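Okay, here we've got a single chain as structure tokens, the form deposited without this ligand, with questions on binding and movement later.
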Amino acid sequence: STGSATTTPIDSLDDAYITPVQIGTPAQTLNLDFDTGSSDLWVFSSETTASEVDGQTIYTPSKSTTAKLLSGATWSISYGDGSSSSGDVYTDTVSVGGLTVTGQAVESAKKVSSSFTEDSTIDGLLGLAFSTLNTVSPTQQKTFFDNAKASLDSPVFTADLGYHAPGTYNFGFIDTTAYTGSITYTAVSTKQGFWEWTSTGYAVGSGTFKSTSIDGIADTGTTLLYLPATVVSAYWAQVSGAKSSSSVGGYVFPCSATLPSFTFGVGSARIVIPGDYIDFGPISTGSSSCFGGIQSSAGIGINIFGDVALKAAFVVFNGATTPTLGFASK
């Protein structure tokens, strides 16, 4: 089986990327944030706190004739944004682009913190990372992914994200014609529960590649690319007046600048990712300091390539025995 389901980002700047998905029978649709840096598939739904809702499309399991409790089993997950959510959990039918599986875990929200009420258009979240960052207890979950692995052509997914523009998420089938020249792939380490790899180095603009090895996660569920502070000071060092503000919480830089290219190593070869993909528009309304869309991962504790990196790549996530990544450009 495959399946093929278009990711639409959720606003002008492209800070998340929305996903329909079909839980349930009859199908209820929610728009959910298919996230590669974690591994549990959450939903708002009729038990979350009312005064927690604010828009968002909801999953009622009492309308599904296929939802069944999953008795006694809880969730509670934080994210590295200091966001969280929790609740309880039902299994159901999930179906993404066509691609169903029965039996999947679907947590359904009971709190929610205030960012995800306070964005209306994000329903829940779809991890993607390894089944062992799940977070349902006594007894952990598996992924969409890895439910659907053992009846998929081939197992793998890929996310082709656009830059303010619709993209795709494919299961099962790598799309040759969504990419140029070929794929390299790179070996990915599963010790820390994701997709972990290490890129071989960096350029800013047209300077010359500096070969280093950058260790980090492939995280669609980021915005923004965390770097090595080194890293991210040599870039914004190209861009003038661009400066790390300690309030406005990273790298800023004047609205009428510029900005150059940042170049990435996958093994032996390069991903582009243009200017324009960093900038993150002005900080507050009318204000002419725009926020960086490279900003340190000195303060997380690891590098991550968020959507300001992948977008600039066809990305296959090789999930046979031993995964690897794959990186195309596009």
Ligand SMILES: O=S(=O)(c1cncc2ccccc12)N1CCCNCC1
Contents of the next structure:
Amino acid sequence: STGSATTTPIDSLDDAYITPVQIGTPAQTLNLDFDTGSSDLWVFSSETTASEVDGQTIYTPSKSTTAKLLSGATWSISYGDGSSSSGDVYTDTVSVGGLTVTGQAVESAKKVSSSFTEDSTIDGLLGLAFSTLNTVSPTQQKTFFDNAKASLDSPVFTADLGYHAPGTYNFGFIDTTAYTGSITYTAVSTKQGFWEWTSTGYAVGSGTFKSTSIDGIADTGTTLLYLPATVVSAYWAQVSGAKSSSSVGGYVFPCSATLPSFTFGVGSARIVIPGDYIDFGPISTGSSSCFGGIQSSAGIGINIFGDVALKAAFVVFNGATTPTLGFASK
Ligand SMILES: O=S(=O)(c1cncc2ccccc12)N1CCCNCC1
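The structure above corresponds to the form deposited without this ligand; please give the structure of the form solved in complex with this ligand next.
Now the full complex is given, and it begins with the chain already shown.
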């Protein structure tokens, strides 16, 4: 089997991407944030505290004839930005882009933190990291991909995120028309439960490529590109007037600037992020200071190849017995 679904930016800045997912019988379609950095499929629901729902579409398990409460199971997740959610667990039928999994754990939120409530465009998350990170207790549950894998034509999924445009998540096949050149594959460590890999270096604009190992994760659920302070300083030094702002929480730059590209290495291959992909717009409405899309990972404890990086590539998440990651230009 295979599946293919369009993923759409939630706003004009590509702050996140949503993909429609069918849950239950009859189907309830929710727009979920596919997140290769986490491993829970959780949704706003009829059980979510009413004051914490503000415009999201909810899953109502009592209206699904295939939903079954998973007895005694709860979940609770705390993301690296301080946001969180928790609740109970149903199993139900879940379909993405024509690919159907029966018995998928659907984590129904009883509580969500304020930043989820405040984003009416995201109805939940669909985790695509390794199932070792799933938070369901006392019996950990499998991700949608792990449940689908054996049925797929090939045990893979691909992320093709658009810049200011729709894109695609495919399951079970590689669309050879969706990229240019070749796909370069690179080793993955699953030791932290992530799609963790080592980039071979970077360049800023037309500058010389610096060969240096940068360990990080391929994370579709993180908006920005978080890299070591030395690398980020070298990038923003090429933008006149850019500065790290403690009050804002990162590098900012004059909105009138033209940003240089940023290149990262995948083996001997190179992925070029155009400068425009690094502009996240005014820091507050009407400001002429703009937020940068490349930020320091210092004190995160890991480097994160988030959407800013991934949307410059066609990305293969190869879930074979020994997982690997593939990157192609597009
Ligand atoms: O998806 S999130 O970007 C995230 C968290 N809270 C609220 C949000 C509101 C809108 C869009 C995204 C949000 N996220 C959770 C997984 C990735 N880790 C980083 C933080």
